[PDB]
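Student: Okay, here's what each chain looks like letter by letter:
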Amino acid sequence: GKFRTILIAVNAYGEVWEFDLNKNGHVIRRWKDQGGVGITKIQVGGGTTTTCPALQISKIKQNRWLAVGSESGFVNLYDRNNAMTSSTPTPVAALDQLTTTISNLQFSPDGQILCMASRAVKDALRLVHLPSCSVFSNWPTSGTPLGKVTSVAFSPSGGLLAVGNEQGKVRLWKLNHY
Amino acid sequence: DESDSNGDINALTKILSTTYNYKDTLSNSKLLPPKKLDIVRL
Amino acid sequence: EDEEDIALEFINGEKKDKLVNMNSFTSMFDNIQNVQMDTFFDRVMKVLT
Amino acid sequence: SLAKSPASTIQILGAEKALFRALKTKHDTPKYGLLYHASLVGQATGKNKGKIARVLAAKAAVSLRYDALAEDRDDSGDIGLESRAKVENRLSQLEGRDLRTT
Amino acid sequence: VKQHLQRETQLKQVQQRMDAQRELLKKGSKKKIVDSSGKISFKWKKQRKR
Amino acid sequence: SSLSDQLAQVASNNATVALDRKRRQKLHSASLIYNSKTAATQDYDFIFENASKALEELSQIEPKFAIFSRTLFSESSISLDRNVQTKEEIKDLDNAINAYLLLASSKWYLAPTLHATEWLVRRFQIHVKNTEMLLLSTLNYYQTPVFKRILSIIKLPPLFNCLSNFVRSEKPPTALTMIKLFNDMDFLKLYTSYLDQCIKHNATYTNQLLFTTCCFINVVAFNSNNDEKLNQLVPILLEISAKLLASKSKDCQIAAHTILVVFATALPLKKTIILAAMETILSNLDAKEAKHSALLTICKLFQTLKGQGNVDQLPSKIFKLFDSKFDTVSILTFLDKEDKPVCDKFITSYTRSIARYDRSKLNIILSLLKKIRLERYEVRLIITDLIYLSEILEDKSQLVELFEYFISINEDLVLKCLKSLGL
Amino acid sequence: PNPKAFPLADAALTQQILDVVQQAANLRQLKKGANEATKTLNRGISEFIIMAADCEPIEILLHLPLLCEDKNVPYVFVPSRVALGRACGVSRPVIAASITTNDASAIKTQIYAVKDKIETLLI
Numbered sequence: 417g418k419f420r421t422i423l424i425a426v427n428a429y430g431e432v433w434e435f436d437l438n439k440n441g442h443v444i445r446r447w448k449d450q451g452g453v454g455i456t457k458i459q460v461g462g463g464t465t466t467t468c469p470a471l472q473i474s475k476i477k478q479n480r481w482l483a484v485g486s487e488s489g490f491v492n493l494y495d496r497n498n499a500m501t502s503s504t505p506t507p508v509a510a511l512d513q514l515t516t517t518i519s520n521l522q523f524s525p526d527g528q529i530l531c532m533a534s535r536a537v538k539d540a541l542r543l544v545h546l547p548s549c550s551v552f553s554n555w556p557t558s559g560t561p562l563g564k565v566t567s568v569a570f571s572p573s574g575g576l577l578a579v580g581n582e583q584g585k586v587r588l589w590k591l592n593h594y
Numbered sequence: 180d181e182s183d184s202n203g204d205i206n207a208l209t210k211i212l213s214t215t216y217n218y219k220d221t222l223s224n225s226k227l228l229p230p231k232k233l234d235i236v237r238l
Numbered sequence: 848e849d850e851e852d853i854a855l856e857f858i859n860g861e862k863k864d865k866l867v868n869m870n871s872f873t874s875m876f877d878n879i880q881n882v883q884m885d886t887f888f889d890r891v892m893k894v895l896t
Numbered sequence: 308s309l310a311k312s313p314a315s316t317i318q319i320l321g322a323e324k325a326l327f328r329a330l331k332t333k334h335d336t337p338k339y340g341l342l343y344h345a346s347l348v349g350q351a352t353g354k355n356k357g358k359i360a361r362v363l364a365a366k367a368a369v370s371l372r373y374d375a376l377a378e379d380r381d382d383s384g385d386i387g388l389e390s391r392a393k394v395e396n397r398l399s400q401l402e403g404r405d406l407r408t409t
Numbered sequence: 201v202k203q204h205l206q207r208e209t210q211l212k213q214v215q216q217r218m219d220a221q222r223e224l225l226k227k228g229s230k231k232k233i234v235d236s237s238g239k240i241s242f243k244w245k246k247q248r249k250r
Numbered sequence: 002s003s004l005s006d007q008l009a010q011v012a013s014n015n016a017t018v019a020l021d022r023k024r025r026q027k028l029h030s031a032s033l034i035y036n037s038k039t040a041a042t043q044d045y046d047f048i049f050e051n052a053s054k055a056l057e058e059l060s061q062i063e064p065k066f067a068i069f070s071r072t073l074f075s076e077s078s079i080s081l082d083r084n085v086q087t088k089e090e091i092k093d094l095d096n097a098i099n100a101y102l103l104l105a106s107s108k109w110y111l112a113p114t115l116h117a118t119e120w121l122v123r124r125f126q127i128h129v130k131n132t133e134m135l136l137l138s139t140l141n142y143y144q145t146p147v148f149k150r151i152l153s154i155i156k157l158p159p160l161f162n163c164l165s166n167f168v169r170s171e172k173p174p175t176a177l178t179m180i181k182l183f184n185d186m187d188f189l190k191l192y193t194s195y196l197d198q199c200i201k202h203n204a205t206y207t208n209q210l211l212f213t214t215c216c217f218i219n220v221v222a223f224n225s226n227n228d229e230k231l232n233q234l235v236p237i238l239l240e241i242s243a244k245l246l247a248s249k250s251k252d253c254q255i256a257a258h259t260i261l262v263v264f265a266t267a268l269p270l271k272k273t274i275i276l277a278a279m280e281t282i283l284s285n286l287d288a289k290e291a292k293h294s295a296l297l298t299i300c301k302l303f304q305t306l307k308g309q310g311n312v313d314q315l316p317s318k319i320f321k322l323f324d325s326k327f328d329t330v331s332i333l334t335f336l337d338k339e340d341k342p343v344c345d346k347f348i349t350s351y352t353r354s355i356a357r358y359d360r361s362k363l364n365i366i367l368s369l370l371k372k373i374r375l376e377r378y379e380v381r382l383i384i385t386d387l388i389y390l391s392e393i394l395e396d397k398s399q400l401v402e403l404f405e406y407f408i409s410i411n412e413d414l415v416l417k418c419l420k421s422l423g424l
Numbered sequence: 004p005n006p007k008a009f010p011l012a013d014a015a016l017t018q019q020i021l022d023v024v025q026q027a028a029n030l031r032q033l034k035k036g037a038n039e040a041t042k043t044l045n046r047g048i049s050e051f052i053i054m055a056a057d058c059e060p061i062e063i064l065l066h067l068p069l070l071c072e073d074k075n076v077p078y079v080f081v082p083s084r085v086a087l088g089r090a091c092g093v094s095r096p097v098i099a100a101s102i103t104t105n106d107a108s109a110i111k112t113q114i115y116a117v118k119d120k121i122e123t124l125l126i
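Residue numbers (the authors' numbering), protein chains in the order written: chain A, 417 to 594; chain B, 180 to 184, 202 to 238; chain C, 848 to 896; chain D, 308 to 409; chain E, 201 to 250; chain F, 2 to 424; chain G, 4 to 126.
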């Protein structure tokens, strides 16, 4: 029955603050992302979070994967266990298959799949296997009616991935391993 | 000629003579193989 | 605790494996001249790792 | 001065004559100059000799400079040695790329 | 000396405009805008070339 | 079918019967060391006397050419023709050639060897009648002018179209082209036939083994895309692995170690396959370099092994055999080595087998745990097994110390296990 | 961190730089890499010079400030080469870069403000 919320905020330049919220807002820890000049989005995944919100305080876990998606198209993937304990960390991997501006970082509830998606051009989404930190290479091909993706949503249990593009349509895919 | 009637050496030969599928299936090991998705559009 | 939580612990305790990709072996065709095959095995191991 | 100059020069530094003639009459520039007799190029073969001349020239710029200015020198040729490793690798991989069909 | 320097600036302009044309040729996702005094210019979409 | 088709068929059959003076000049001119004009002038007597001398020096250097001197280089072997002896004799003589080529594949860096095979090539027309085995045996040599000459001479059988476009080039073929070659499959089948023959004659060596294993490695490399093709390429490389294991040469077993590690890391396999592989590797493990290499390979095999029960107890006979080959001292030495290759799943299955089987080397168990770092789930599994042994086996101070170690390090998971089962 | 580059910016001035260079390269008025900066400096077209204070070794661009001193052009360092790369808009570490001259840019005011800042620091 005891936990704590840690806000993790990110100024564009590449400086990441980490406040807690139980006690009124103090700066628990501050560090500099390696590189990442134009930084636009941040997400965490693997435990529980606002994308896989748990059910009861017994179901709350501690999160493992940190993603910093930055404007030129880059993603730096971070392992919490040693990023926090080094306090000037090193990226665990860099994903730059994408080429345009980064808009959506999300994870599957497990934290096994990192879904990244840009927003400046059609066909701009890819999924990444973790902890390999390797982009998948049989999806999505040139016959995937994606369109300009703007919102990335997994579902908690069923295993669906719903992706929503600009032309006004979401689309479903179901993953089988789930 | 033939007559069929401490570690051996023919274990591999025999087991590959038996099995018909090597990229395992029965598992569903609650883990996701790299570089290949099992995805169905809906 | 619960069975899905065990599975989550399984995923968490899983660690990453440096995979193989189609052109990660030519340097041995390069240094295949007169080197000891034990050293060759060492080479393949460290190319994987 | 020699480290003061950039890479493309150290590539082209010999055949400045043909270079300037090509420039002032719009033909196509030379490529080797003095670094011909470098042993690396001396095993390269043709268009490969050109590409290896280019890459070797760049690495030569790096090594030249580091030997030239560094306040604290080991005199052991470490940068040059690893550079030679680099260009050796680039060479043999380029060589292995054959251009025909099989 | 005076005609040196003026020929110099003229050639600078020629070279600058001609490299603008080269860039026009090379690669990317260009955009042509007619700036207010009536002068053409080109802007590239935000895109990291691989 | 076309008339010219059938006639081309007949020519391919009859390409060697020195029908006419012109075709005799051509055939007899095709040869290795000499240039064409001389290779047309000179005579059988010259060739043979020099060749017999070459056999003499080669038998001096390696004494097992002697029977070849007995038969393949007799004054009769001057007299005899090939193109009229009957088919039984032909299969006989081909068997003899295969023996000679197997042996001679090892010493190609010698002008005497060059001259001996020259006599063969101009007298028996090996460069048209036993090309498959000739090229295979010499294949590990492809930067050298000897491979140049031999390629240039020989009409290449359909399985070598790469070299066919390389016939009389200026520069040696490249490993990229050779890897295309081996990436073809039926050629691999032929190569495996060749290596089985070579192993069963037990005349293998460093250059050939290194080359061929690197080639298989790059085959699974370029095949890593379409898991199907691997789903059908598994057998070939596994049987060659086993047959290399069959040898008594530590080189062969560690080559098998290599090919296994690469194939296993390039495909997710079945636990049964993996454990059988480890079993045979161990069963023919003899040398100490082989010991070290096999340890690394087994560790990697388990670590890449993924599925339900990745930490199951090692089967009985397998476990006893493994302990017999590697008593615990070797294991602790490899572990406290500073390389630290991830081997925790192997460690854990080892410990579970020890507890379920031995029940005595618990202090070795705790030492291993104090020596290597583990992960939560298998820690829970080991603790659960220890709880079983506490509830069944008589209480042991070593078991108590194990629980104490867990209490010092991660008592709370122990508490969770107790609440799952017990007070 | 390297005691060899003398003028090294802060986080604020680093931010200002890396922004101006984004918009510059977005126009393609920026030239990349140490060799090309060297060319431009000798061309006398180099508006000014950014360097990366985390290139190993550092000499391989340490040479340039010689040219900069000689030709009276501003030069600054920024502390992260991967930053400078993903800023200027390529796929690699970029130890150096230089902004060129074009009065028809929509960015003259920014470029002079920044070079005012770097002059302020350097002097």
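Note that these hints are calculated values from the structure, not bench results. Any given hint could be a false lead.
Unchecked claim - Below, simulated PhoX-like cross-link-like pairs (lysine-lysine); rule was C-alpha separation at most 20 angstroms, straight line:
| hint | chain 1 | residue 1 | chain 2 | residue 2 |
| --- | --- | --- | --- | --- |
| 1 | E | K212 | G | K74 |
| 2 | F | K272 | F | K318 |
| 3 | B | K210 | F | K244 |
Student: Hints first: check each against the structure and report whether it holds.
Tutor: Going through the hints against the structure:
At roughly 18 angstroms between alpha-carbon atoms, E:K212 and G:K74 fall within 20 angstroms of each other, so this suggested pair holds. Distance restraint check for F:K272 and F:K318: the Cα-Cα separation of roughly 16 angstroms lies within the 20 angstroms cut-off, and the hinted pair is therefore satisfied. For a cut-off of 20 angstroms, the pair hint linking B:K210 to F:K244 stands: about 13 angstroms separates their Cα positions.
Every hint from the earlier list agrees with this structure, and none is contradicted.
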